[PDB]
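The chain below stands alone and is given in structure tokens; this is the form deposited in one PDB entry.
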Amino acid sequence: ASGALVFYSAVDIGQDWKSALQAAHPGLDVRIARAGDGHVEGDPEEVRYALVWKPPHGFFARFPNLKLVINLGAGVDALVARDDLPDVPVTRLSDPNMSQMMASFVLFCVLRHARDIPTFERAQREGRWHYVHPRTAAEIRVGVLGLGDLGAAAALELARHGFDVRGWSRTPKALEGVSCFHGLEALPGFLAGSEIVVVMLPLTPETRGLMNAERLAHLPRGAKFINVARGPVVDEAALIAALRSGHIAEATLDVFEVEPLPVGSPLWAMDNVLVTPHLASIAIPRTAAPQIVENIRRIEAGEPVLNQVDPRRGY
């Protein structure tokens, strides 16, 4: 006995999401809220599901019969910090296609550093052919901070390519072919062995500024630093200082403390830093829709929903 789904995003095409959802669930009542103020036509009491990205303040209070919130990203740090969040299950998008895209992107980042590509790019700009003897993957230790839906998938993929892979999480995890560390006490040792490090942590009060000057100093000199998580997990000023002193040799950064990265940032002009504009992975309507309609079915049947977030923890 399905109710209506309301959609809000200023940065996603409502019609694409609507078409995909209706293909997965014929006859689903989908209402596209208006960008900016969230105004939506129809009876708001019929709305039971909300698929959103950064909706206006008070948006959820429009819909008193809301049974389910779905964030349009894998991250929920802004959503869970809201004062108007209703006391219902909160879910995020986290499908195998998103997983694959993120894992492939992380692999690209790691391989790019592992195969000395920034050295060749620097040399190419000078018109210089200079052979550098390649290293095998087995020689290189790669650490993944976070072993969740995305982090574990990336770690497992890195392991397939022959890297000596390690992972860090909050609680114990077993992951075949990956050296698993857990807890804050183990973090220095985890970092000490990570020649290449990949940040795949959600942003929470515990992770905010985790990679500060002290944590960066635990990485071995010449480490390669990749952030595909959230910018404020890293103390950006401290990363810059560590890049400038040569403690961090190179970095690939998809996320930043302030996005877009301000024009004045020293990171722009550094030829040992690769800046991507926060697009490591995204949900695609056609492949994201099935899990959404499955959660609609579950909420109406009284079954527990997939990909539920803990609003207190923030992931």
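The term rigid core refers to the maximal set of C-alpha atoms that superpose within 1.5 Å between the two forms. Positions refer to the first chain, counted from 1. What changes on going to the form deposited in another entry:
- When two forms of a protein are overlaid on their rigid core, residues whose CA moves 2 Å or more are considered shifted, and residue 235 is not one of them between the two forms.
- The rigid-core alignment places the CA of residue 92 2 Å or more apart between the two forms.
- Hinge motion between the two forms is captured by two rigid parts, the smaller swinging by 35° against the larger on C-alpha superposition.
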Contents of the next structure:
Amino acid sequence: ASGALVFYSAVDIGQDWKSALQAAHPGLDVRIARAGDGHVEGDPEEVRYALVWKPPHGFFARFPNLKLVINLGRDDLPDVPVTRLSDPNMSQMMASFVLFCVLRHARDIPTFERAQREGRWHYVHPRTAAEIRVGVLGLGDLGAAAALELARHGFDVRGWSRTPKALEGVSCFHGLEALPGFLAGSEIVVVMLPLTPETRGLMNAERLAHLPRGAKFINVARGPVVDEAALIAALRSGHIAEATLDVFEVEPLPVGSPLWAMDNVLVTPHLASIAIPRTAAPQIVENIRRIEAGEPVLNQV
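Given the form deposited in one PDB entry above, I would also like to look at the protein as it appears in the form deposited in another entry.
Coming up is the bare chain, nothing alongside it.
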């Protein structure tokens, strides 16, 4: 639209976004910056829009005529509108993913997966859903929807939030003072807290220790709501029996992380909250035109 879009992400496939954006706006110039250094071909003065996830330090300084940033979900950030994607179904896709992770632990699937590799038919003691206590940590739009969906499956569902909540069929706890008792009664815990200065590192060693021994831990929020070092330590001591982790302190998860080789951890690479090019491209193309006509942008953060 009289200017180029640059794409950067180490956790998203540039080409799929390029195809979707050029389908939605034929002859839009989309330039994929290289993961790592952010090297991008072409005249950087022509770049007016940036679609990015955690780009390299100094990345935006490459593009003096940038008019619009779009985050794929501040020291060098210019003085321009910043938008996020509004995908009306992410709430659904996230809730469905959480249900998968909760059911996988509640039915002891990790034990069965191990047994199959051993060639053996495993016997476990049957339990009803109602005997399984599942705690959702965070009851914003995403956490509340996941907690309501879990309650449909018969689990003893609890939730925690900083502020009072009333969610039908969910045992809601609130405040920092209630966090130890909330954690102590959660056999399976789902981290779904937005990441702010008050939630950064909230699931530290002290909070992890409030969980019952043998707890099952699911993280779909952000790596650093959770202290990764402390999590690994709890997994090594058997305090947490098993985990499903979709988000990490550094992503892609570095090769040397001890999490990869742990039999009792499932590493998923940002599957819960993935942006979908086909359904997000239209709102990006529309914001390009708005910025170019001096109209306010949709979904500004």
